[PDB]
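**Q** Given chain A, put chains B, C and D with the ligand in place with the hints provided.
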Amino acid sequence: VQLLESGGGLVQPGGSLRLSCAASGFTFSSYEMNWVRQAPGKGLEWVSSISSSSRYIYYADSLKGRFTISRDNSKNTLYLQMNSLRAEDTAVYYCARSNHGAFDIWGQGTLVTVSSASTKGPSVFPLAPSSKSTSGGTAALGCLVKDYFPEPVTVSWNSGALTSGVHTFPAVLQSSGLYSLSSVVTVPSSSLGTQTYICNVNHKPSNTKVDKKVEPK
Amino acid sequence: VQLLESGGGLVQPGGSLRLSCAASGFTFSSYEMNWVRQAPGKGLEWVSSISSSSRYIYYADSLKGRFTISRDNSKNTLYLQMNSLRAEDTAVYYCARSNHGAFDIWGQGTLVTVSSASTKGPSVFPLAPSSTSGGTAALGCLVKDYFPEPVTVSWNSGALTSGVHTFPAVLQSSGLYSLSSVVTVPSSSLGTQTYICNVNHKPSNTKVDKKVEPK
Amino acid sequence: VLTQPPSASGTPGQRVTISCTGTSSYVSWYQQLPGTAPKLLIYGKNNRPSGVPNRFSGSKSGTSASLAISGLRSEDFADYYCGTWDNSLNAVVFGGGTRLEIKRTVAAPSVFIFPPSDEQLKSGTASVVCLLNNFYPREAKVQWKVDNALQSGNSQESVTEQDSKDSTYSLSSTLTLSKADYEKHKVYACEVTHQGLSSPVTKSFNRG
Amino acid sequence: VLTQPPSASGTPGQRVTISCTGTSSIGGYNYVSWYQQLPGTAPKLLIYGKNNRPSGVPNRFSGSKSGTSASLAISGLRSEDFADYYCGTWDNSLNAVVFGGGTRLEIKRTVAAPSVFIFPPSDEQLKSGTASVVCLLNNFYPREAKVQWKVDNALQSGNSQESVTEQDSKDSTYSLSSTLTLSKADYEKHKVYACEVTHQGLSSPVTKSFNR
Ligand SMILES: CN[C@@H](C)Cc1ccc2c(c1)OCO2
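Residue numbers (the working numbering), protein chains in the order written: chain A, 2 to 218; chain B, 1228 to 1442; chain C, 543 to 750; chain D, 6 to 217.
Excised from the complex, chain A in its bound form:
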């Protein structure tokens, strides 16, 4: 059983957005489907619920009716319409199933960012390993992704061929209003002269795909 959400993204305050959840592996019409959201760095919050074949519908007062839940039982799809969106609605939204009085199937979630800030691709800079690496063979290298918005951003090394010692740090929101993080991998020093290291950074919100070579200096 899989539940995949789509439609989340960056919208301005007061706008509207429609999210969809597609289910697989179970009878959609025979189960109840709910929406639950989580603010960045905050707790979980129930949003809405709908019964089998659109029998019973429930929401919460924190959203003063701005949200509308529906389902196409003949299409195994659930929809959530958000109107008069506010900055407080920014969060990751999940679709969940109700089986025995609790949520047993959760979706991966979709991020909705409500803000007047504009999208911007990130800049990738090399954190070049150099003489100031040493550490008895455990040299470090990496790439700095800076000044990007909205979230998120994904980083890989050598198209995925390098995964051991990789640490991609949580995004930090700078005073500029943009996000910045770094991805650093630790490798044996002896391997510096026998391999080229490239950071593959993907920022889908801005259609950014950058491969940056990290050379020692």
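Hint data in this document are derived by calculation from the structure and do not stem from the laboratory.
In silico DSS-like pairs for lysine-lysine, Cα to Cα no more than 25 Å straight-line:
no., chain 1, residue 1, chain 2, residue 2
1, C, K726, A, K133
2, D, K132, B, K1442
3, D, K132, D, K196
4, B, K1269, D, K113
5, C, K687, A, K218
6, A, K121, C, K664
7, B, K1442, D, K213
8, D, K175, D, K113
9, A, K218, C, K721
10, C, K728, C, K687
11, D, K151, C, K707
12, A, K214, B, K1347
13, A, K214, C, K721
14, D, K113, D, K151
**A** Frame of chain A; chains B, C and D with the ligand shown alone:
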């Protein structure tokens, strides 16, 4: 009865590719055919199926409609169109004949690698004998830093097969593949027999015959 | 209408109890693994769905219940959440969320320093990164010294989640200055203080 | 839906069984098929329908179905049976073809100590500016092994990779190779190199080295 697949190769992510399967020995127009893939180091996964009359077609839901199956009954051929290729699509693709309720006849498979890395011919370095506690002598060839798969290694144009071990290719952190082929021979024959490794990487059109001599 | 302890530490192989105070009860517990969607742990005490390990157990207890975790293992790093259904308002309540720190042995951090790239320097800004890798506990002190003068304040720290295989942590301190400010000093150093160090460690470098 | 155990070991001449567990929590009343895949070869059809065998499948292969679960029986094991075994059916809750995880058949054999070999980095390879050292573990059993590197008595880590061949179809043993990734600089930092292997079939860890 035989089934041969073709069209596999290296393609950039998001590209297209058409795979063809040719049958020779059975009434192709009288059987339903299928495409099934196996990813490197993973299990089998069904892809698509087409009936004899091209009336019923089923695809795996994970494809998102990126694949399109077809068949030419007039020419005994089966076709698969792969669009918006992803890294997950990298695998060996087989055609099969659905007789009764299973896959009766299988093809030999065709490798499809989806990656942005460029084709790289391997470097072949001899691994000469030294010292051995085994009373034998192990000598071989190192095929390093090549892409994509596969690489085939023989010894003395196929004459020498006994005691040969060609290791599975290991994808290094560098993004390139590497392997070693080693044969153990009686140590008394080191100075009176020629040992040649024939390494063929058809991608990149590399064929190298390297002689291993003690040193 | 549900409350959850902010934090809950543990040791490998031990047992941890996470409480969820409420007005009444059936409390259902969920786990939020680092960077992943929540998963269902227990419909009700001893009613764990398929897949969830038997190590987790519930406790049906009147108004206030709790969740018990035995055989504390690595992957148990997560924020745990409790939830019921207040039929009074026909709404689903949720807990504050408890973070599980899996106590491990003290691990010294590896300190790395990275000067600013010429690519960035051409852009008018200069960023400097100090890296603390695979240390325990999380608490550590990273200090930026530009010409022996503390510069913390223009820096910004990011800390990874508790690694499952090692239970360690990683931390990056980034010092950001303009090109002019960067060009007005020579000595740039990062100094780290942590439980696993007897003498403070310093990774330095010069502009040239 | 279909679940298969990862590995299953047998004894030559003896009998071995492999299980393909289904689920209805999906459904059943489907026909489960069995396929065999030897290393480096496309799958071969073993069983289809009600314990039927096509053409070349011997009498030593049979398949049973009981509820949402089917099993494969291989009586009279041979070293040539070393392969990966899969099961397949036609799900109707998904209207697709579902395959099992597959099981790695591993016929047992006597405990075999490896014949260790060490190879010096190539003259050409050093010219390119890199040094690779190959440590060979030949025809040992069981699979588990532990290879360690030392250069001028300097222990290493995280700078080598190893590949292990499939179980041999005749002797049923394994051969393993481990390569060390060094560059001309670090290589010339030392002149003596060695490999230390410790295996169950071995009495005491062995070491082989070269001087140059
Ligand atoms: C879509 N054609 C189907 C009906 C043929 C089929 C059915 C069951 C199978 C199978 C193939 O492979 C193994 O289990």
